[PDB]
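Below sits a lone chain in structure tokens, taken as the form solved without isothiazolidinone analog.
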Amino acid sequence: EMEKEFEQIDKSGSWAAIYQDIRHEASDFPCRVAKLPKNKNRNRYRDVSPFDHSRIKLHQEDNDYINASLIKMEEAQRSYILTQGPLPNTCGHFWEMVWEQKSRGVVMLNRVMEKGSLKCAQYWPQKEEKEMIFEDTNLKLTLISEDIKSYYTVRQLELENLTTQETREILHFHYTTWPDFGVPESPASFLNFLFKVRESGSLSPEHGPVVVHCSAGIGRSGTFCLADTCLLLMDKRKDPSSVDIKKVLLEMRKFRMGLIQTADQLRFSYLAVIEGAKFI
């Protein structure tokens, strides 16, 4: 089991050697286009960049870059787009992606301000009456409804393509309670939040991939996907004890760098899969 592989790592006090192992074994691939000098200001971080093979392109002749990777999990029949938190210049690109990738849910795992700095642009409308328009990508975004809770908030949003007059219902699943520092004491709210996303159909293949982000789109986002996928694979396989988290993490890392930024988040992911495994 991992229940008992986990308890071994605690007692041996060896979490950061495990996590460092994952780092060394991890895939490295080129990020040529992320690093073109014209996409400088499309990136929040000089050291978080999408691999070329797995990057999302914008359908437009001008410049097709966005900092977003498609994580494709063959066996679990799950796909995700991990991306950075929209910058003020990239909110339109962000909704273009949502539009073009035919996504149903956006999963956001940061507050707009954390530790006193801005971690993300306010990329969505706060009031029904005051809708956003992205002139660069000819999109309208309207807040239809909003349902706020202890550990998370959900929003019904309407996304109109102004070029073509078609509109679409996007679901905004905001996890609002990840602490500024470290990780949650228990993984129970986070799992709860994951199930709520699941319940919406936003992860299901009737739709294009969910778009998941924190500020960089690798830390908390990684945990979300890794926990979701590991549990699905636990549901599917003849032998559930066979799912290796380290193996699944390294697979996910073939598609985006950096997934799980700390040994804490790793412990936490293990943890959330084990606790999540008892709702089963």
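Numbering follows the first chain given and starts at 1. The term rigid core refers to the maximal set of C-alpha atoms that superpose within 1.5 Å between the two forms. Shifts are known only where both forms have a C-alpha. First, how it differs from the form deposited with isothiazolidinone analog bound.
- Lining up the core between these two forms shows that one residue from 166, 169, 180, 74 moves its Cα 2 Å or more, and that residue is 180.
- Displacement of the C-alpha atoms by 2 Å or more across three or more consecutive residues between these two forms, following core superposition, is confined to the single run 179-182.
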Contents of the next structure:
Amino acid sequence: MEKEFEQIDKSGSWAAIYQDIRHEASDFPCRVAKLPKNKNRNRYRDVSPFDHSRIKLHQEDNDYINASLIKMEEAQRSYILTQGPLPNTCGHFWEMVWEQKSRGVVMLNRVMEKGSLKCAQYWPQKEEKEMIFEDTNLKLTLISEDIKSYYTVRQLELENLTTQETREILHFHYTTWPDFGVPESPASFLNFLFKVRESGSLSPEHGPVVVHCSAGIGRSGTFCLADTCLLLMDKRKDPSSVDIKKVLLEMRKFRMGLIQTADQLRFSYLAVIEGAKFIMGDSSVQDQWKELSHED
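Mind pulling up the form deposited with isothiazolidinone analog bound next to the form solved without isothiazolidinone analog we just looked at?
One chain, no partners, no other molecules: that is all that follows.
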């Protein structure tokens, strides 16, 4: 992929490669997302979950949520990519986290971006102001948060009011990744991803991590593509066979539009090439990424 990257850069063909991918991308029915009754459960009329991979709420009322299960078989990791919840779907969103047994939530957007609301304020900002979602009977409380220069890690307590159970949910919020944009640098991106990895949120012992931005495809796709590619090059006899474009197409079989710009695709290569340094044997890179990320 490194020789690929150079040749692509050299030829100034990113937009061409990326466009080929959009052309080859799977096209699956999204009937349920399109039902008349779910119009208000969709943030963007053009971003919908495929029927075969959509996450189903365990409610007879209406089991719909704009969320997709990206099940990467070879990499042995699953991710749920969903849109930034709407004012009326925050209860659904947390019902999904409970039901799917997720341990962590990765937010890659801010609620307001470029003067526009891109996602509801679905978690409490103040410990004393917990949130109650009456429709799904859940309760969410902020226990503590650890704010860094470009991301914030929150410790939340989700309580299922019906069953009296409590679970700790880790919220990993990347606050400076712009819409249709790319992280500041590969190190800052990788320092964030590895933070998520180290927390244990991505382990098979837990349900799929929930990843989202505003539409749940651009930034979310980038994050997931890099993570998956890094797992692949660590599992394969030949760490060089990993084809980023092929992996992305694999992911697009579960949710549409993953990776929204040719530059986000380029950034994914950069991110994976650098991350490979850790995969291939040198753990020191991690410590180096933290320095370059300047989280303090």
